[PDB]
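Student: Each chain is listed here by its residues.
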Amino acid sequence: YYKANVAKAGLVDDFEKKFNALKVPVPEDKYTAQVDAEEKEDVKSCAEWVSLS
Amino acid sequence: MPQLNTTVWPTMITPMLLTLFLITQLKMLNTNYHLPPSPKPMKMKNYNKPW
Numbered sequence: 055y056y057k058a059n060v061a062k063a064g065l066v067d068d069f070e071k072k073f074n075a076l077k078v079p080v081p082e083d084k085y086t087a088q089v090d091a092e093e094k095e096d097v098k099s100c101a102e103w104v105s106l107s
Numbered sequence: 001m002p003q004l005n006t007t008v009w010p011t012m013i014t015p016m017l018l019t020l021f022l023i024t025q026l027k028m029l030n031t032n033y034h035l036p037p038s039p040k041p042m043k044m045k046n047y048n049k050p051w
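The listed protein sequences derive, respectively, from chains M and Q. The opening position of the first sequence corresponds to residue 55 in the authors' numbering, with each subsequent residue numbered one higher. The opening position of the second sequence corresponds to residue 1 in the authors' numbering, with each subsequent residue numbered one higher.
No lab work stands behind these hints, which were simulated from the structure alone. Where a beta carbon is used, it is the ideal one built from N, C-alpha and C, also for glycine. Careful: at least some of the hints might be erroneous.
[Unchecked claim] Capping the alpha-carbon separation at 20 Å, the derived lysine to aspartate or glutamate pairs in EDC-like fashion look like this:
1. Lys49(Q) to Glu93(M)
2. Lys77(M) to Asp67(M)
3. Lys57(M) to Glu70(M)
4. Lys49(Q) to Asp67(M)
5. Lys45(Q) to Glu102(M)
6. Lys49(Q) to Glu102(M)
7. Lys49(Q) to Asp96(M)
8. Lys94(M) to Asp83(M)
9. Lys49(Q) to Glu92(M)
10. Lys57(M) to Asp67(M)
11. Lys84(M) to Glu95(M)
[Claimed, not checked] Partner residues aside, some chain Q positions facing chain M, computed with beta carbon under 10 Å:
12. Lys49
13. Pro50
14. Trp51
[Said to hold, decoys possible] Ranges of calculated distance between the beta carbons of each label pair, as one might list FRET restraints:
15. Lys27(Q) to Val104(M): 48 to 58 Å
16. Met28(Q) to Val104(M): 52 to 62 Å
17. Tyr47(Q) to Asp83(M): 31 to 41 Å
Chain Q on its own, in the form it takes in the complex:
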């Protein structure tokens, strides 16, 4: 089994740690879901006329 040849094990481990812990995560951080544009038509800090 070529999977047991431990000589090429760093070549398979070092890029993965860059791809899984740096690049894919930097691409998920740039995937953002903004909160809904919910517009409140009820917002009026008013008060009775000056009486």
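Bound conformation, chain M alone:
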């Protein structure tokens, strides 16, 4: 619908080329590792208290 219905000089074609090879930024976690560390610390404290109990 944009090859056979756009009578302009390659603008659709260069748009499709620029889009086929776009690197859209995938966001990184940067927050799950520290809550995993916090879960480890909390499990440590809880097991200590449970041995006391």
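With chain M held as given, fit chain Q onto it using these hints.
Tutor: Frame of chain M; chain Q shown alone:
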């Protein structure tokens, strides 16, 4: 009155002092009333979980 014959007065005084000040008191000391067996079902020095 035989109560006025002061010759037998020690015989009546010496055992009394043993009976009133030693023997009856040693038998009252062995008469003890322990405090009631009141059992507190509310005694728990607890604390919130580790958080």
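Student: Next, verify each hint and record whether it holds.
Tutor: Status of the hints after comparison with the structure:
no.: 1; hint: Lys49(Q) to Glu93(M); result: holds, 15 Å
no.: 2; hint: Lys77(M) to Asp67(M); result: holds, 18 Å
no.: 3; hint: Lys57(M) to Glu70(M); result: holds, 10 Å
no.: 4; hint: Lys49(Q) to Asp67(M); result: violated, 65 Å
no.: 5; hint: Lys45(Q) to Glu102(M); result: holds, 18 Å
no.: 6; hint: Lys49(Q) to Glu102(M); result: holds, 11 Å
no.: 7; hint: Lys49(Q) to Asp96(M); result: holds, 11 Å
no.: 8; hint: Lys94(M) to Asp83(M); result: holds, 18 Å
no.: 9; hint: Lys49(Q) to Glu92(M); result: holds, 17 Å
no.: 10; hint: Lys57(M) to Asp67(M); result: holds, 8 Å
no.: 11; hint: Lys84(M) to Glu95(M); result: holds, 18 Å
no.: 12; hint: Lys49; result: holds, 7 Å
no.: 13; hint: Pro50; result: holds, 4 Å
no.: 14; hint: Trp51; result: holds, 7 Å
no.: 15; hint: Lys27(Q) to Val104(M): 48 to 58 Å; result: holds, 57 Å
no.: 16; hint: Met28(Q) to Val104(M): 52 to 62 Å; result: holds, 55 Å
no.: 17; hint: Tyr47(Q) to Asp83(M): 31 to 41 Å; result: holds, 35 Å
Hint 4 alone, counting from the list given before, is not met by this structure.
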